[PDB]
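Quick heads-up: it's one chain on its own, the form deposited in one PDB entry, in structure tokens.
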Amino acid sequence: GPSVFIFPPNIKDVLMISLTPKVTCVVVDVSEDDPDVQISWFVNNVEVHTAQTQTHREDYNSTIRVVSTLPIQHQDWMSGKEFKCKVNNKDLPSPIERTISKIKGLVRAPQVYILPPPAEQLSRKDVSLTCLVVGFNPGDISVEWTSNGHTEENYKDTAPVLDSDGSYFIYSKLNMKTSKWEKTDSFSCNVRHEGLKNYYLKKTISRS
């Protein structure tokens, strides 16, 4: 029959109070004859009624998926409360249950560094700024870029990578125009991580 998977909120949504973190329950391979799925939600075994549930046609392989996202309180995630979805359908003998909560573990704040472009790039039209975020636990982190205050979108980062000392690091590569590098005052690597004071740390660099 159908399978069910549960997912934690995005770490950025958890650490940014103006955003809405959500726990997600996904019912995969729902039968088309039988698309009625009831998904109910529990926070520490207390039922809640705020989840938004949608059916999606998966055109990759012509299947159906039902996705339920429960909006949650940030502090409830951080303080270790259990979120649980119960899925009922006809093709299911008994209801299938999934539970998730935040893993209580080692917390270690990252160091954040910005590396200027390599010298070899300074004669080209485009340069790469590198944000190196090092020594954090756990491995969940948001890393974004701005120039002065404006959001920069033309970056990619790596997976968090577990180092030999048991902590993680990540690289983020921002490509911008050498002219922009020359004219713009400042570029900022903005890091959200639970070990940081206020969950937030900005590092800024300028061309000299």
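The term rigid core refers to the most C-alpha atoms you can superpose between the two forms while keeping them within 1.5 Å. Residue numbers count along the first chain shown, from 1. What changes on going to the form deposited in another entry:
- Only one of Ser179, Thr55, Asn44, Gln52 has its Cα shifted by 2 Å or more between the two forms after fitting on the core, and that residue is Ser179.
- Superposition on the rigid core between the two forms places the CA atom of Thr99 less than 2 Å from its counterpart.
- In this overlay on the rigid core, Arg124 has a C-alpha that sits 2 Å or more away from its partner position between the two forms.
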Contents of the next structure:
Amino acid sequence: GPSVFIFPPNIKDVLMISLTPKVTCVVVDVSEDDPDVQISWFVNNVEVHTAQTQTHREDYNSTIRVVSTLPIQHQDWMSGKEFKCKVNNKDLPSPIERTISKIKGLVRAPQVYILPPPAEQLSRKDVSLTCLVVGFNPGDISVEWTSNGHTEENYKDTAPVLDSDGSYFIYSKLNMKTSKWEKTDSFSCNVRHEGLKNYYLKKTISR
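Go ahead and give the structure of the form deposited in another entry, now that the form deposited in one PDB entry is out.
Partners and other molecules omitted; one chain follows.
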């Protein structure tokens, strides 16, 4: 039968008032013979009808995939409301329910550091610039890169990792040809985390 997964809003959406946070319920392994899936959503056990639901055939493994996206209020996520999807399909004996909420806990702001490329890397044609964000709880965080107020897209973050001291760290790695690294006036590590004043810190490394 079908499996249902529920996913939280993206922390960047949660932490910026101009963006819309969304809870996601994904149904996989739906049969092509029984494609109809009914998804109901609840906020604190009250039914809401604000979700958008898309259905798609996964041609690569002969199943249907349904995705429902519930837009939510920042205040409801932050205050700990429970967001619940309920899924009905012919292949299902009883409806499947999933619920999710922000779990209350310890809050601690990250320290943000930028580490330049290692000397041994500078003779190469490409270099990596590292942002180390350490000491934060909880381990939901957004790290993005810019260059002089221009968006940089060639970077990868690690997952947040539980450190020995009970907090989290994450490393972000921006990749660039060595000539950009010399040519450029500054680079910035843009960190969004609920532990931070104004939910935002920027750290810059200037030529």
